[PDB]
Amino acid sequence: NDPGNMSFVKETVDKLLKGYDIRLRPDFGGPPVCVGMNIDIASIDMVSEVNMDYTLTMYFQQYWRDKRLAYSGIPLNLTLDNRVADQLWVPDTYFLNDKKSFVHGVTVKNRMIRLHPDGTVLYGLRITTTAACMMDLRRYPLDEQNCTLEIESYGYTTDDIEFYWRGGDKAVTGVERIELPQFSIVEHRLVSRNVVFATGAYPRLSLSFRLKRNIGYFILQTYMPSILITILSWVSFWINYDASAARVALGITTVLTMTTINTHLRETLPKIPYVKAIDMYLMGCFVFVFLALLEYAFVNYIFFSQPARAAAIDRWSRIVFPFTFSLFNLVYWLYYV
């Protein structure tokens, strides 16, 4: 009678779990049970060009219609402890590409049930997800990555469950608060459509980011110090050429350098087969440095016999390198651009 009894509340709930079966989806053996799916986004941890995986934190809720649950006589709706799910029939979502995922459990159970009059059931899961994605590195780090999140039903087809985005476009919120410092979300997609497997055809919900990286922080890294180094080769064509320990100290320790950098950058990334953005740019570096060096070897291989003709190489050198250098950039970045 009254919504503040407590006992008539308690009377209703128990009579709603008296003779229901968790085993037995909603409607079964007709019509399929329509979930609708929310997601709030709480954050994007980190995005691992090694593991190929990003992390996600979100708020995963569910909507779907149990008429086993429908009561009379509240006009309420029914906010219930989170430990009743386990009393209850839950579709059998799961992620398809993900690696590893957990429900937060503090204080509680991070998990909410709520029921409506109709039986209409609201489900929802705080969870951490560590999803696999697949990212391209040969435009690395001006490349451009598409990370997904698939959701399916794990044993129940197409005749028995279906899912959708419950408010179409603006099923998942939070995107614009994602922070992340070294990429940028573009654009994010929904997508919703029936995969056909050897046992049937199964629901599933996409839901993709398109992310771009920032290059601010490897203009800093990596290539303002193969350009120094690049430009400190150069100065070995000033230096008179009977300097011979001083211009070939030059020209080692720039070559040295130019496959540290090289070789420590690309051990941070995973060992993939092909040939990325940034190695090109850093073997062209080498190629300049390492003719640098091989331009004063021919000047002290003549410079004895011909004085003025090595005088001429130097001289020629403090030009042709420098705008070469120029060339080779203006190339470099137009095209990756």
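Numbering follows the first chain given and starts at 1. First, how it differs from the form deposited in another entry.
- In this comparison between these two forms, the rigid parts meet at a hinge, and the single option from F60, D169, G216, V50 located at it is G216.
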Contents of the next structure:
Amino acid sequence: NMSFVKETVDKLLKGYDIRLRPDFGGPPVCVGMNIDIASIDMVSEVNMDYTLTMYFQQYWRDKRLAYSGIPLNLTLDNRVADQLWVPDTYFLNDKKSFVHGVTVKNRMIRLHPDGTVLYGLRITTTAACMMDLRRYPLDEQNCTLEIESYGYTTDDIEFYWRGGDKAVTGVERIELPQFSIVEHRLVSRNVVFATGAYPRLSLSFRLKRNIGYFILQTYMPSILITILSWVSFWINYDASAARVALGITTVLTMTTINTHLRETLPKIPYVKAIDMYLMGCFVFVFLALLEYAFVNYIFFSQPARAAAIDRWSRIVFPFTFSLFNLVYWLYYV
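Return the structure block for the form deposited in another entry; the form deposited in one PDB entry was the one displayed.
Single chain only below; no partners, no other molecules.
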């Protein structure tokens, strides 16, 4: 009977005090939390953040809302959430959040006969993730979400993951364009500020970056240009114009590659692994041009010495480049 259900619902909210938490002045109210991760959008190194869309559910008990005589769980219109008490949960490390509002506010209130309240929201939040891009693009990041109570201390409210380690779902279904989620972790703790101790839940992911794109587009061109720089050692030192043209155009190509990578890669103003590799390649081609200049200086008075220097360079340059690559890839992997 719709009249009976209406009477029960507006009897529950008759003298309800939204200003007071359940069991106000008594023991803390326990709030369980569940998360369903719908998607993880753009991870950003320039902005040092990640966007996350989730279904965020909170479960608690409010004895003022217990009802009898109706053997059903009452899914109510979401607007009734403006008349109940709900926990003041917030995300410490978020920078911009919103609840979706098309075609209505993506909010759910479900009541149960013993006063149990289930409260769902759909949130897109841009949380802050500190990145350590010293080893970029061979880096591994750890990005978190910090769930906390703003007003209530541990004497008023306590959080827990409802379902243990199964509380958060949808992580294995996530696919990222540039990363791959190695692992995710759930943590429960307390944090003390000058105003008191508050309960804290933490959801962390460990992201590992994919290298194939970089191995194809930011390392192979530089390696090929450096190898092309060694072609000049096999040309006779008589051909001055040929060797000078080859060396100086190799330097120009290296400069072009570096300066366009600077504006293509994310603009992170400190040194990384890719920067060291590109600098090493630039130094190698500069040294090949320097070697030709030295040989050209002496090849008239001492022809045999210039020929010997060219022949030794043919061996030394590839071997030293291989050694440099070996040290680099052992240190950064």
